[PDB]
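First, one chain by itself in structure tokens, the form deposited without ligand NAD.
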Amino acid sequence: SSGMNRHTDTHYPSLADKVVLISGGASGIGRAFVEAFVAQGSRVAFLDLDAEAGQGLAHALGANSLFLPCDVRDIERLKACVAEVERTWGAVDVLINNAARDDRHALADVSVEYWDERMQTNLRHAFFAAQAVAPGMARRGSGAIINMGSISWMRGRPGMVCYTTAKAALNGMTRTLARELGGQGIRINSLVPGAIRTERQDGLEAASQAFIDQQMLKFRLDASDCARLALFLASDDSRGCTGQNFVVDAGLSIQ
């Protein structure tokens, strides 16, 4: 549907028909992933807590989109969501661990409850999602995982320790998973965005200018920038790339 952004004019034949699963798929960056892969003729499942946003997006994208309600905190539901995707469409080809919560929080204010919940929301699911997709990928002898990283921990960004720490954790999990699963044909990399303009983000003008001034390239990045990178990392054109970060940040991380 021509009202939904295709994100790129590039055409990746290797993406047609591939089974893509994306967490936090109903808004922002995750929504853009969903749209971009749909536009490449992939069969795209997405998970999200927001049922009405989820169903509206699936309605807009049509029958090559599948919306599954899921609180990623709930690993049991997460593994059921995976099982359901497998039954419908077969083994996942591409997993994008995208779901995350970047609510700001001061070091001194974090309680044990808040820490644990933030870790469950930002880190734990990425591991279990990978664990769930892996055996089916291995049966086929191929598959691709993309962990959404962040330059925040790289730049040592203060004021959201749980989020930055989870993100840092994914940096390592990418490397060890790449080794653990590479022998099975599965490649795992991390897509690492800079400051991406989305609806959810936000004096807005002022903060946007500060990003431009800090960046090497003097324009704002958006969700399309992420999705273009994702398509490449999913396609057969990145077949030899594993264990690695790919940073799309207009230079924000190098200051």
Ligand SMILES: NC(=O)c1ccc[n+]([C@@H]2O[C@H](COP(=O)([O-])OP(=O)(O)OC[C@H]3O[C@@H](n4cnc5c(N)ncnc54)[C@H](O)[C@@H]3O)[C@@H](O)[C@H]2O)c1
The other form holds:
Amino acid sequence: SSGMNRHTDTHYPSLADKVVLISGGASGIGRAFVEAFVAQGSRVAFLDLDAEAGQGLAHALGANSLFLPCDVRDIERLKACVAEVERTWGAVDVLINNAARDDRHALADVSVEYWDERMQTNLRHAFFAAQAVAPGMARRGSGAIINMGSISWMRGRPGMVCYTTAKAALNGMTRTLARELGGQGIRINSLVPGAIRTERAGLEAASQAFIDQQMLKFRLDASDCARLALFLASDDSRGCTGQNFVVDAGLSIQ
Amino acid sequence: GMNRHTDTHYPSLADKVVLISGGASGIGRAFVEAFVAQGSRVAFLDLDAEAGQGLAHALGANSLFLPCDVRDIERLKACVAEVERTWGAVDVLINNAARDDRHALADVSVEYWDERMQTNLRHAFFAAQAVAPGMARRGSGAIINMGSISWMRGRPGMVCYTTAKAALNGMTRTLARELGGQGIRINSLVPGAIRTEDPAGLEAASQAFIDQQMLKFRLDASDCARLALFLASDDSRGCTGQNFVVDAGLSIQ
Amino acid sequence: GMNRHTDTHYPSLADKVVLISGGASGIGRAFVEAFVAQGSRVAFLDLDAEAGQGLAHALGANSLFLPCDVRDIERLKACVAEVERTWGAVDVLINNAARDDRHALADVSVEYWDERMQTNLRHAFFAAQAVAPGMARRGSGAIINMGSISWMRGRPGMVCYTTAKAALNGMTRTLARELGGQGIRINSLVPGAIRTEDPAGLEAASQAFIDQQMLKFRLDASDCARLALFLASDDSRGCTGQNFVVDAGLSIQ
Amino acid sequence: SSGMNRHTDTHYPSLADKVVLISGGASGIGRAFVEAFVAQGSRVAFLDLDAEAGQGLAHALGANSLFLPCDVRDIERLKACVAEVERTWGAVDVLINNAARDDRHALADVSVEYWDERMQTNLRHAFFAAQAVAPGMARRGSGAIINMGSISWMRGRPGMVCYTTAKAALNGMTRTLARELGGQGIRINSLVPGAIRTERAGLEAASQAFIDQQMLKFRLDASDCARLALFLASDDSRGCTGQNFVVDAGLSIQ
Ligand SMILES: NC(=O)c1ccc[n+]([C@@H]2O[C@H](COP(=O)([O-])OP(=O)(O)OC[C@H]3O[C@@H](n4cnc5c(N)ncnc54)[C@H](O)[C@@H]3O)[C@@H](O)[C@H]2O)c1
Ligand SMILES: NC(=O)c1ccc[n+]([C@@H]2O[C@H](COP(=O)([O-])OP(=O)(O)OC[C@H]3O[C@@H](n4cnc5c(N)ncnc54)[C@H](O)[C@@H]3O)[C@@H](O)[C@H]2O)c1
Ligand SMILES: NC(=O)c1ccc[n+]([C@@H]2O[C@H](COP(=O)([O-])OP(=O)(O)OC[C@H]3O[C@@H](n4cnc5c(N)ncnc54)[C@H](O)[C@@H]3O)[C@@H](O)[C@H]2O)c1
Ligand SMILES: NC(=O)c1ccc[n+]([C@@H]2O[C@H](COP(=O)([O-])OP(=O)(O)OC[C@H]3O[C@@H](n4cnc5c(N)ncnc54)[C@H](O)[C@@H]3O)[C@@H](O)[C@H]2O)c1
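Now that the form deposited without ligand NAD has been shown, please provide the structure of the form solved in complex with ligand NAD.
Every chain and every other molecule in the complex is listed next, the one we just looked at coming first.
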């Protein structure tokens, strides 16, 4: 559907028919991944807690898009959602650990219950999702995992300690997983966005603030993220593992 | 009788109130002994009661052992409040308690992951949260997060421990910014392969670390403690947000 | 007959003007061939005239070989100006020319150091300086600095080469900021141990890199070229100031 | 002399009588090193192109301070200055590569002659000085090298490409030298300052700008640098090599 963003004009033959799985795929950046992979002719499954948003997107993208309802805090349902994907299409080729929650919170405000919840939606699934797809990949001898990272912890960003600390956690989980699974043919990297404009006056000011702080004087959008994801998924990046790829218009270096 | 760990003397450490988690054994013990030798008032937390009691008794009246399982945040909070009740606001927090037991990626259950994160990461946040208001009232404080080179070197077979350690690398930066306007500096102390209490199997493993290191000698707990004293003292007053790596070059191979 | 290096097709590369130093052989050749396959106009510089001539002849009318010894800044400037005269402003500069010959710390003279810095670092600055005004007039441009993991891994026995490579790591960041307001993005492409044209001695060394890598296969020039195409294309339009490391995990050990 | 800053109250017995060599020692940060080591009772030699500044400082600090005139661009004189130090006191214990020139310069303005000169005063000496002191150290089985680094290249600071690129060069030269010389007992690290107030209206504003950007809301001065240098020199840091130690009040993380 010409209504839905293709995100790039580039064509990656190596993505055709690969099985892709994206968590938090129904909105924002996750939606752009879902769109971009479908446009390259992958078989794309995504998970999201918003069922009516997920259903609309699968309906718009057609039969090579699959929407599986899932709350990533429930590891049981996450492993079930994985098993379903592997049942329908085979072993996953490309896992994108994207689901996350970046609501702001002062350090003094944080209760034990909040911290545990935030760690569960922000960090713990990426581990269990990678744990779930790994053996299928290993059986085949190949696959790719992308962990969505953030420059927020790199820039020491205050006021959201559970989210920045999870993002920092994934930076390290990428390296060690890379080592643990590389012998099996599985490459793992972190895609690290800067300030991506989405849909999640004073808005104009905040937007100009980013442009003033960035090296490249235009705003980043979800397309910039998906363009990096397609490269990281494709055979073009087959020797890259353990690494961060930062798409942030220079905002992390100031 | 006690390991003093350095002949250096830091006048700025005299009388400072120092709180260390997992202080009864290993690295944490070395911190406890080193800061006591500098004249600090040192409170430490540990779930090993017998080890903690013995150590406090051996070090005397400027050591205080509080029993605490760091997974229990309420007890952690209570231990902090009691330190502040006895000696006033903490000057120096060292988030040290950790469990680095090996575990294969394939075998980790939800429950293991939650517990390993709670032992290895969660408490460092809550301990910081507990000491911050007392620090801010006084206008000064230092926090030291014990880090690890293991995640930097992509070390396999202990994903919960390395991921926690990588978590604290980020938590250092962001809390440094969030609290530094209150006068609180926060850094991570990042050791390499520290020797701590098949003879050939041990000897061989120890030789392998020497062979891979740039400096050809084994590191021990004293190396750690000497870095911590500097990171606590007024000599590092302007350092915040940073890692300081004591690893004989093991991380650069 | 030619290595195309990828089956990927980047429409944004069609007709772009690409300048590569040390393009006649090895990695630089792979760049030359890969961008020509995408429909770009590719100019390359090299001191090996016979290799450059043959390559331009083999690739045809959208390849231009300019003889150039990159230590000679005046010639470097002249080659840039001639590219701009034939095809207009450069779209994509790849600072590639380097010499990585081994040399012991103890034995390096002033003259060796100066020459090794001139071959390995200086030209990348001047080449950037030469292409920047033409980029700025058009409002867009990309620069790629070929980096190395060797300094990151503290590799001994070639101090001039590793120090140059570490120099470009910093030069990437600062030129990214200085030129990005003009629309010019700058990144470093950082390969691991790339196979390029005692059999047991070679086989063993190659096996050692496989053993230390995370992915168990040897990297080649094509791996490099496929990253460069992405870093040149509109797919990386928002990436600047950054390293992109293609090393099969060799740098994380 | 009570007139001269001691920089710390800390006492390091392991520094007593060690031989220290500092390039660009007569002014600013280099002067603070010279003062701090003398106060710990080291034998301190420094090099500087400003003879009358160097003479004044050696006169003020007394007989365990030695001032050797030197233009660090002249590698010959630098190796001679080293040989003199080793002749008078033995092998150097602690080398601090501090001399540098941070005049601003637009990228378009830079001529070949400028670039080569700047690289010579900013980078090339640190290599040759480390080359000169190394064999004496190796003979003894011990020593320490500190390379003065800068957060400027880390923060992608524009308008001084020769200086930031040299600083970036030394970041890498620290790692590789660490490996090359570690078997000999020589440890090498980079001391990396933030915005240090020195003596090198609108000044007040610029100063407030740093405080606003820093995490810790006070200015850094030369003492902060020397306090780190003494630790890096002493036996207290005997297991630390190959590393950066950044003293910048959080300015690099923003
Ligand atoms: N916005 C940016 O500038 C930016 C920058 C850096 C990193 N990122 C990262 O990009 C990724 C995508 O972020 P986004 O901005 O599109 O977020 P978003 O919240 O706009 O959309 C993410 C999706 O995740 C879903 N989701 C949230 N909780 C979930 C749960 N428990 N189970 C299942 N689905 C759940 C949301 O409903 C939504 O569908 C995240 O990893 C985030 O950290 C974003
Ligand atoms: N040993 C090394 O090579 C090494 C290397 C890198 C980093 N580190 C870091 O050093 C720090 C100290 O480590 P160590 O090697 O001495 O560890 P250790 O396991 O020997 O000792 C840690 C201490 O914590 C206590 N402890 C553990 N769990 C606890 C809990 N739930 N409640 C209370 N106390 C608890 C233990 O009883 C022990 O006294 C840790 O943060 C570790 O991450 C150690
Ligand atoms: N080979 C690897 O494993 C590897 C690893 C990391 C980084 N790199 C980087 O890859 C880039 C390409 O390297 P390579 O391995 O193909 O090197 P190479 O030495 O095989 O080829 C470099 C090319 O530059 C040309 N050249 C050298 N000096 C020149 C000069 N003064 N004037 C003009 N041309 C000159 C050569 O003639 C050759 O064609 C270099 O920047 C190197 O730093 C290579
Ligand atoms: N100022 C800061 O905020 C800051 C920040 C980061 C790094 N640094 C670094 O700190 C170190 C000291 O800098 P500073 O600010 O005190 O500089 P300064 O210029 O104030 O004093 C440095 C000394 O070096 C001398 N010198 C310069 N050229 C020389 C030459 N060719 N031969 C011999 N001596 C020479 C100067 O005359 C002076 O005596 C340098 O390595 C600099 O990069 C400074």
